[PDB]
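Here the complex is missing one protein chain, while the rest keep their positions.
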Amino acid sequence: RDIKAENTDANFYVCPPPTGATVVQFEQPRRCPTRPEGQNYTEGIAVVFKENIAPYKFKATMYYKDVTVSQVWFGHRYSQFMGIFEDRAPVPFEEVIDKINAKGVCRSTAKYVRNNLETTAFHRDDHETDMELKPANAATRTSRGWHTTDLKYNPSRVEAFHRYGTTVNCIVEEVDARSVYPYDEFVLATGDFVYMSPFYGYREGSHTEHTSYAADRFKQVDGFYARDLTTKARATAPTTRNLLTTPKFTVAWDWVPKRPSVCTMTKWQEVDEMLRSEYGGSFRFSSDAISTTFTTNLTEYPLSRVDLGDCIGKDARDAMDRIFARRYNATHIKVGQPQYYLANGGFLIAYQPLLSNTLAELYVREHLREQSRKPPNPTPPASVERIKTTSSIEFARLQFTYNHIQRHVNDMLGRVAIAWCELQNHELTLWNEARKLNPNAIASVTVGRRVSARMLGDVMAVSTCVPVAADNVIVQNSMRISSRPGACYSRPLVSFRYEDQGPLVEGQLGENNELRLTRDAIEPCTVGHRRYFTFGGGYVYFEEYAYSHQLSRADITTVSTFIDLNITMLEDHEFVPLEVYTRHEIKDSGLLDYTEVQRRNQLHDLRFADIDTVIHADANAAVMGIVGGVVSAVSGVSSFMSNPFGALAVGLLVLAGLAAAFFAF
Amino acid sequence: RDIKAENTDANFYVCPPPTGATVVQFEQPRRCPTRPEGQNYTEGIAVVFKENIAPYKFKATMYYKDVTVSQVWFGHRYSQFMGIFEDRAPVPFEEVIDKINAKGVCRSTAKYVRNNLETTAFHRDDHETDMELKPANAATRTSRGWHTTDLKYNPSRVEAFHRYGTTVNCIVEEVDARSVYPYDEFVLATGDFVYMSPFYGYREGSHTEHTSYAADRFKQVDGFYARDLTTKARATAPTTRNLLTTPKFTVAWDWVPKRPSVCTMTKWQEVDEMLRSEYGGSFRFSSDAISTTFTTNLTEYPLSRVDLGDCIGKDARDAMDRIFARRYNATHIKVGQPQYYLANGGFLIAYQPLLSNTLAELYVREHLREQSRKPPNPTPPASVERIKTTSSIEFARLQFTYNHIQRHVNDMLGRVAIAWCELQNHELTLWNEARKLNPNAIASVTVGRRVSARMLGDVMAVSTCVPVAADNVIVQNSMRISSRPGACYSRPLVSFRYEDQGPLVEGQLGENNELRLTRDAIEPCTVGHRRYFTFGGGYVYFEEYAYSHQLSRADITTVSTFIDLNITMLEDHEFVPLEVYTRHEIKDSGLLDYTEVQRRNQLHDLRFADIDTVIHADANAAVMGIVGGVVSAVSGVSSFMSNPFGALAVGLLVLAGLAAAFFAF
Partner (left out) sequence: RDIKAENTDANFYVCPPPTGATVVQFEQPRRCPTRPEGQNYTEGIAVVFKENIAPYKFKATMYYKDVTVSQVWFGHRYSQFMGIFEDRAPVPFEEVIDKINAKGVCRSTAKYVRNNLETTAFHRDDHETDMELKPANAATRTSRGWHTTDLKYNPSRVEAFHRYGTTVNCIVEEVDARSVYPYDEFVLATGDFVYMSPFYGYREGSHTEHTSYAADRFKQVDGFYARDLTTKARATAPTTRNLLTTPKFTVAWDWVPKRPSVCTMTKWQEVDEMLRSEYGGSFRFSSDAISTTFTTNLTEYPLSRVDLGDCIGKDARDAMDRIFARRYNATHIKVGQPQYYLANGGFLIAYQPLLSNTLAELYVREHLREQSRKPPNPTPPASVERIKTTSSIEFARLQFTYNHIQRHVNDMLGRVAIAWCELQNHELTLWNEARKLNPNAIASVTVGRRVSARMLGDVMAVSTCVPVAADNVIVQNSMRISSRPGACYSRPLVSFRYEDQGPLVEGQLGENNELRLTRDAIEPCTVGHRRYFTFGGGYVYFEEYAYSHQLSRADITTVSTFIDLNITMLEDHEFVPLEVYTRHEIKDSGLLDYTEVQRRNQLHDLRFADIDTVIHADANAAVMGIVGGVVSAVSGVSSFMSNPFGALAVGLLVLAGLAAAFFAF
């Protein structure tokens, strides 16, 4: 009667009833945490402003007179230029107002200040004539220009002799004008600047504006009237005019005020769904529409400290009105006056709170509390400042996304934390009637190690089991009683030994390999007896209360009490760099890098022309030498006579030679 | 016999058997939701194009003649310049083709149009001589230049008298040329522009191209041949040549066609793993390689409407061929003709679908369905357009990431939602045999409040329990029967009262503080009786069926049926701004801000030179006064004689004085 387990994988445990010595208890439903109240989002409309870098850009009209006078020396079949003087000349005030404005013409004469002198240039070197302004030729992507002279003047051919030819052209050319903050100078598309502020005048203290030019160069015309140079129909509108002359030209333009025309800020974006939140001592402005969150201090930014920010109010007012009348007008209602929070990163924010008609009951609170939010801090003390604005926007996209992801994931994580907690709490009843049914199993699964257990009233008493090797356990074949039939064992018989040499000890195989000491599990004998029992890592099958054979585990088809669960972590992912256009594509997109251009235009020498070489040439170095010295004495004499006083005594002499000789004849 | 609970923390409940009045039932497995089919990703290869800002850049050759003529007036030991005329002159067509091209030389004479005149300048004021072109000096980061004259001319020294010195230099200089869309003008690295289109000619209707210049200035050479200026070996290739002259210079270049040379778009990126998805009426192109998703309308963009986008087809074809032959060629197969979807944000997309040999069975469908996707919308109506391309790329990284995060998190969230649902469904069996075992506990945990319960067939009947204070409950000491020994109580005896003054009412302490009314839980008396019982917030221990003492809870070692769960939400995180380089670092990286440069070069006056001061000086202001008036009359007379007709009568007079005097002698 010698039988051992097929698989010694799982050791047998002999586990006796315990004493009241050791005794343990279960936990109880730890009061589970609760949800958060959630961040209160105040709906509103936003409009965000940015530092202006786009220069102030306007229109003006230029008036000038190109004065080009040339030497020409002649040969037998040929004429060469000996020098071309080429100048830009201002047109006087009166000649613009009278000859150019009213009559659309211009003097053929120039009279202007250059190089500490007055000059007067005759066109053709001929008598002054009022000449006509005719439209400039067809020109592409340019302004509309005008001129009098379409071709310059040059003297008639006198064989081998120097002539001078004067030419004057009265040109009018309307142009654009650009200006950068603080707007004290302005440029012309001709590359010429004007060193005067574009808003100077006589009206509302306009003498305050800085101009280096003396007051007389520029005059302002109150209630001025303009007439087109081609159409020549007077403009219906009366425009206050301004006219400033330079040593090269004279420009005129229409005058407008300052603050309702320029602004350090500029309107950047319009958000109809901007959500304000208050957290950790700051506001976050989440446009769900454009995926954006903004960080602002609690107090509104004081607009007064905004410099020249009169664009702000007007712009924000118009935009917000249009949006609210469009899409919010019958669903919510306005709450308080608009707010100008300062957006971390240099983005000026206009934000309008608003509440639904659904819960207008609350408006009193909200209104008061919105009014609390602008400080009157500038009032008790004027020093002004600009707003420094960045050029990248990514903190807001990333910050929004991380808060929306963060919102969802932490939200769900919380919900499932609660659900798990209350599930484990809910189980203890199942574990409680279950622990009542079979104490040994539940106590072993609970404490962690295999132990005995018995109910000691409303508590559980335990004591550690005893390990027993499989090669030291015997199965006896029979399950019936030879002495008393009709009442036979319900579970097989085992003869284990606690030590490989230890005495053989009989017992009754119990559930889950517990080699119970007492042989007391008897049932009445019954027909059709098929029983699979637990033994070692496998099973042991008896038919009709008698040892059939031992089986491995997978011999029997297998089902499960388990609900599958399949999680895959998010694999890593590298983020490669990327620029849309590189900065060298931009320095290259600049059709001319002025730097490169001048760098070339100034090597116009050392490449193919030497400046480190000096030449002295003498015609007389090039009895006969003595005679040549004689003409030099004459040559040096003529030098004394090349100039005024020596020259005067000679003209007086020349008068004599011809005079005296003839009167005698 | 007066005993009360150690801890009154938990009130006792007396809970009687119920009536059939109140009766409740359990829920049943709510059919759990199911997974989504998942978005079908169509593998393919992509190539994305962008607006061209890099100007069209090519090579050309300049030819000109610097004409510099100078006055020099002399003193005793010294010579001063009185004026330096300095001009740039064009080289005629023939002198380039004949003297410069074939012979590599150039005339020492200039003959060119300037200021409505023809001029002819002699080098040295000496007879025309064909002169040699020698290489320019060593120059760094420049082109390769050439010249004839390496040093200018100046007259010999004549004491106190004005001389003129002419100099002509024939210079050749090959340069780069840049051009911006629409490419009607092009620049030179010398800063000089040429107001003609770079593709003008006589071939395939090239008279269409706009040029303001008259046809005669520029000539095209069919089948032209070039020879190096230093190497002077003829180029093997025959190049159609173009030659345009300006009033300052003359440039020549090789001619090429238009559309196979320029393109409003430019190839930006090559993606071998671009995944197309269709969702919500749009396509999303997720390059897993570069972390990108693209949004496109359903229909392909019509390439024909792309302006000058003949670069597109060629480029995309070559690239996609190279990739597919490289890495996809034996695993997938091509599906349909390539596609040009328009990428929201202005990114033109070339996308090639493709399917695996694994499932080529489907190709018919896919092919047809891919062919359905380009519309023939331009055919029934030519108006063209450019593609406006942005300069930031972040919508795609953020949109990809949010879709991949979103994919993973919502995927796992769904899986666990299902698993929980079917777990709660799976539990009801446990709760069902468990609810059978001890109705009171399961009904109390279920309904939420402590109630009684008994099985009413296949359902459960309930009735609310009764609260009972602890200071109103007594434990009687004994647990055995004085009258009938051998059969003694299994649970202690209590004498509670429902009201602090209410009558004392006897009962038998039950499980979990239920003060059962009927005293009927009896077991046979047994040795070794140790029992911990539940009483109040604590326990009450009896030995041998007799009151020992009451204990607190933590007196007993504690185990648990709970599986720990530890979740931490994702802490907030602020995102600080950051620019790599600021825009002022770029306006500063521009080695010259042309704006700043001219702004300085035009204050070259008011800082250290006054223009508002005019000087009139008279030599005669500087009996003797009467004699001085006499020379003025002579001075003004000489003025009449300074000019032609007065001067003629004088030369005729001068002829007489010397003539008449001598013939008589």
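Some observations on this one:
To keep things simple, chains are lettered A and B as they appear, and every chain counts its residues starting from 1.
The rule is simple: a contact is a pair of C-beta atoms (placed from the backbone, for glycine too) under 8 Å apart; a residue touches a chain by one contact, two chains touch by 3 or more.
Checked against the full complex, the one of B:107, B:332 or B:397 touching the unshown chain is B:397. Which of B:98, B:128, B:228 or B:433 touches the hidden chain is settled by the complete complex: it is B:433. The chain omitted from view is touched by exactly one of B:360, B:368, B:487 or B:591, namely B:591.
Note on the undisplayed chain: of the listed residues B:264, B:446, B:508 or B:534, the one touching it is B:446. Within the complete assembly, A:531 is the residue of A:305, A:454 or A:531 that touches the hidden chain.
Everything that follows uses one rule, which is that only the chains that are shown with their structure count from here on.
Distance between subunit A and subunit B, defined via averaged C-alpha coordinates, is recorded as 10 Å.
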